[PDB]
Amino acid sequence: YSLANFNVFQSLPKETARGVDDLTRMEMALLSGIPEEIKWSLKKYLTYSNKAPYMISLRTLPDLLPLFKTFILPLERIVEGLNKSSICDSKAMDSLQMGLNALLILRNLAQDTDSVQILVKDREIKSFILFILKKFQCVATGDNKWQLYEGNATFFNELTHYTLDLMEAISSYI
Amino acid sequence: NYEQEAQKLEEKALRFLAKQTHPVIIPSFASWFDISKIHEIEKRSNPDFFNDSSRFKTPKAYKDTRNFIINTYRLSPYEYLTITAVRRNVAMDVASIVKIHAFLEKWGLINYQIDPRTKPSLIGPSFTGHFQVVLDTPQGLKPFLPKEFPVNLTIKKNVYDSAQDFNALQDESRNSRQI
Amino acid sequence: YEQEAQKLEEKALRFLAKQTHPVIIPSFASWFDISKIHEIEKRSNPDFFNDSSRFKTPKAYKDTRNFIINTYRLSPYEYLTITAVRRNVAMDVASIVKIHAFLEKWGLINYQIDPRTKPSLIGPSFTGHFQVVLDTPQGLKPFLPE
Amino acid sequence: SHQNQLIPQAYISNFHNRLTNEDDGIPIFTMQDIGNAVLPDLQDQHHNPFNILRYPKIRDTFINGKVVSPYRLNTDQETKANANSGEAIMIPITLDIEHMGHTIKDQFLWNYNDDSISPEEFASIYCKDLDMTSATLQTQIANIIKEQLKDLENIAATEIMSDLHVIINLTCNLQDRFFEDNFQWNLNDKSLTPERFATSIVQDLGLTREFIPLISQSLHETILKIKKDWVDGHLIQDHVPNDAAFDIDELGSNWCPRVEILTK
Amino acid sequence: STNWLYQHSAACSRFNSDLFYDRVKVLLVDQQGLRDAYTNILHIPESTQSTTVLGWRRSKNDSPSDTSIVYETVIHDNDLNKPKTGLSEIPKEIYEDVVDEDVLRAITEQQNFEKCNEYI
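Residue numbers (the numbering used here), protein chains in the order written: chain A, 1 to 174; chain B, 1 to 179; chain C, 1 to 146; chain D, 1 to 264; chain E, 1 to 120.
Misleading hints may appear alongside valid ones.
[Claimed, not checked] Straight-line Cα separation of at most 16 Å, EDC-like style, residue types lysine to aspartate or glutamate; simulated pairs: (1) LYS69(A) - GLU27(A); (2) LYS84(E) - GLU148(B); (3) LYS57(D) - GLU22(D); (4) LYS12(B) - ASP77(E); (5) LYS146(D) - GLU121(D); (6) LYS82(E) - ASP47(C); (7) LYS84(E) - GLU104(C); (8) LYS156(B) - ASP136(B); (9) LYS59(C) - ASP47(C); (10) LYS80(D) - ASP63(A); (11) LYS157(B) - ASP44(D).
For the record, the hints were derived by calculation from the structure and aren't laboratory data.
Make a model of the complete structure from these sequences and hints.
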C-alpha cells in the first residue's frame, strides 16, 4: 500500500515532521528576496513583535537588525523623494510598505530594554531618525526647500509617528 | 528521410531519459533556484569561486560540483546523501565540498526532511494548462549526416486531474480503476 | 646540410597528405594555411614566441599542429582525443592541451565527426525535467512557472 | 493519492552498510521487466514506487537502513575581513588507521590557506558518516591531519619562476586496479591543473568517477616531492628523457596510460 | 624511411579507435550504465544526457473549466546540421584586423548562431 510501512519509518522525530521551524522560515524568507515571501515574513514578524517580543529580542537573535536596516534605508531615499508624485509604480509602493512594516517592527522591539540597548549602538538607525526629524521640522517651519505633496501626506503621517516613538526610547540613552 | 531521423532521435532520447519516480519537495523560499543558472544568492554566499582569486576555484567547477550533488540527491530523495560519498566522487578540496554541501542543505535544496503525509495540497494561480519544459538536445545522440534541420520533438507526456495527483505523481493511466 | 633535412621533412609531410582523407573545412577557418601561422595563433597562443623555454618554439609548435591535423584527417569520422596525441608528441601536457583546444575551436580537428565518438564523463543522470513541489507555510503546492 | 501514500524524505542512510559489504567494493573501511539492470534510474516504474523493490540494492537500502539526524554546521559564519585571498595551498592527506578490527585507508586534498573548517570538525563528520563515533578515533584523525599539514606546509607555498620539465610516472591503485602513466610536466605554467588532467584521462579511458580524485591527488604528491628536490638543489635540469626523433620536442616522446587488474 | 610519420599517425588513429570501442563496450553495450556504490546510483556518460533547460512553454486547454495539467518534456535543436564550437568565446580583439570580409561575416554568423541556440 505504501513504502512508509517499514519498521525503519517508525522512529521519526516530531520536530522535523513539519519541515522547518517558523523562525528559520521567516529568516530564510527575508534572506531570499522573493517579494511574496518578504511580505509573509514581515507580517509574521510584526505579529510576533506585538504579541511575543521576547522570542525575537534583538539580543538573543543577533544579525536580525541588519535585515531591517536593509529594508529601512531605501525608505530614507523614498522619503527624500516624497515631495512630488513618485509612487507611480507598484514596486515603489511595495518597497515603501516593506519599509513601514520594518520600522513598526523596530519600534515595537525598541519598547524593550535589551532591544533598545542594541538599537542605540547603531549609527544608521540614529542617522535615519535624525533625517526623518529634520524632514518633519522642514514641514513644520514651512520651509520652501522641501514641501510635502499632499497626495503622499498619509504615508508621511504614519512615518513621523513611528520615528517619534523610537526617539522617545533612545532619548534615555543620549 | 528526416522523418526516420527524428524518430530514431526520439527513441534514443527516451531510452536515456531519467524517469522520475519519487516526488521532490523543497521549501518555498528556495524558489529562485534553477539547475542551469547561478543566482546572486549563490555568488554572495560563495564569493571565492567568482572573485577570480584562485585557479582551482572557477565558476565552472562550482557549477559542476553543485549540479552533481543536486542530481545525486534528486535521483534518490529518500536517502540522506552524506558528505563522504560526494567527496569520494568529486575532486575538489574538502573545504569547498563542505561549504557547497552546507549551503545547499541550508536552503533545503538537499536533505530537506519532512513527512509529507501530514499536510494538505493547494492550487497555485498558475495552473490548468499545457506545460512544456524545453531542455537542450543531448549530444552523442544527434544523427550522423555525412539545408536546415530544426527539431522540436516531444519525448514523454503526463496528465493530471488535480494538484494532489501532480504531487503524488499519479497519472490518469493507472489511477483510472486502480482497485 | 640542414636544407637536406628540410627536404626530408617536406617529402614526409607530402606523403602524409597524399595518404589522408578529404575533409570539409568550415568557412570561418578559411584563413588557415598548413605552412603558415597567420598571427591569429600568435595572439591566441602566446608563449610559443617569447623565447620562454628551450622547449616551446614556433618550429616545434608548427610541427605538432600539422601532426595533429593530419592524424585527425586520417579518419575524419572519429573524435580525436588528447591521450593519443599525448602518446605521440613531446611537449608539456599543458601546451598539447592548449593546441588541441585551439584547433578544436576553429573546427580544424573535430568539426564533422560521428557524435557517438566523443568522450564524456559518467555522472548521474540529468534531473532537470523533474517535477518539484514547494512547501508553503500552508500546504504542499505544485511548483510551476507563470 | 491519499496523504498516507506519500513517503518521508531524507531520513534513511545505508552508507555504512554499503561500506561493510563485499559485493559493493569500496576500497575504504574493509575487513516491464529487468534485463541486466541493477538500478531503476532509467527504467520507468509505472507510477508505483512499490515496483522499486524489484531491485535488490534498493531493498537493501530500505531494510538495513538507519534514521539519521542531519549535520548542523556553524551556519557558515564566514569571517570579519579575513580570507586574504591567497591562491591556494593544496596539500594531499592520507589516512591509514587501524580501528579495533577495522581498517581505514583514505585520501583527500586540503587547502591550508583556507581557515574556514578545522580538522576536528572534519574528523567528526567523517566518523559520523562511517557510524563509528568515538573521541579517540577523532583525536587520532585530527592529529594525523595536523601533522601532515605542518610537514608539507612551507614547501607547498613555493611558486616556481624558472621553466622546469620533468618526466612523471603516475601509479595509483584503487583496490585491485592499477593505473600507470608517463608524461612530461612543466612546473611553471599555471594553465592546466591536475584536476582537469585527471578528468580528461578518465573521460578518454572510460573509467569510473572514483579515479578523478585519486589520480589528481597522487599527481599533487609527486609535484611537492619534486619541489623538495628543487629547493635542496638536488634537482638537475640538463636533460629529460622524451623520445624525440633526432632535435628535442618531437613525435615519439613516451608511452601511454593503461589500467590493469592484478593479483598476488 | 619516409614512412615513419605515417606509421606513428596511423598507430595514433588505431589507438583512438580502440579506446572508443572499449568505452562503448564497457559503458553502453554490456550494461546500460555503471552503478556506483558510494551514492547507490547509476552513472551514464553525460553525452547521452541533456545539459540545460531552455525555459518553459505554456498554453491552455481545449475547453474552459477543464482543470487538468499536461506536463511534458521537449527537446529543441535549432539547426542540427551545424555543430557548435567555442567560437562564442574568442574576444573580438584577436581575430579582428587580420581577416577577410567573408571570414568576418562567417565568424559573426557562427557566434550569433550559438548565442541564439542558447535561447528557447
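How the hints compare with the structure:
no.: 1; hint: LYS69(A) - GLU27(A); in the structure: 14 Å, holds
no.: 2; hint: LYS84(E) - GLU148(B); in the structure: 14 Å, holds
no.: 3; hint: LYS57(D) - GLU22(D); in the structure: 13 Å, holds
no.: 4; hint: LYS12(B) - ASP77(E); in the structure: 15 Å, holds
no.: 5; hint: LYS146(D) - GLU121(D); in the structure: 13 Å, holds
no.: 6; hint: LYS82(E) - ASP47(C); in the structure: 33 Å, violated
no.: 7; hint: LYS84(E) - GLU104(C); in the structure: 10 Å, holds
no.: 8; hint: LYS156(B) - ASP136(B); in the structure: 15 Å, holds
no.: 9; hint: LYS59(C) - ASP47(C); in the structure: 13 Å, holds
no.: 10; hint: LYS80(D) - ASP63(A); in the structure: 14 Å, holds
no.: 11; hint: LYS157(B) - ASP44(D); in the structure: 13 Å, holds
In this structure, the one hint that does not hold is number 6.
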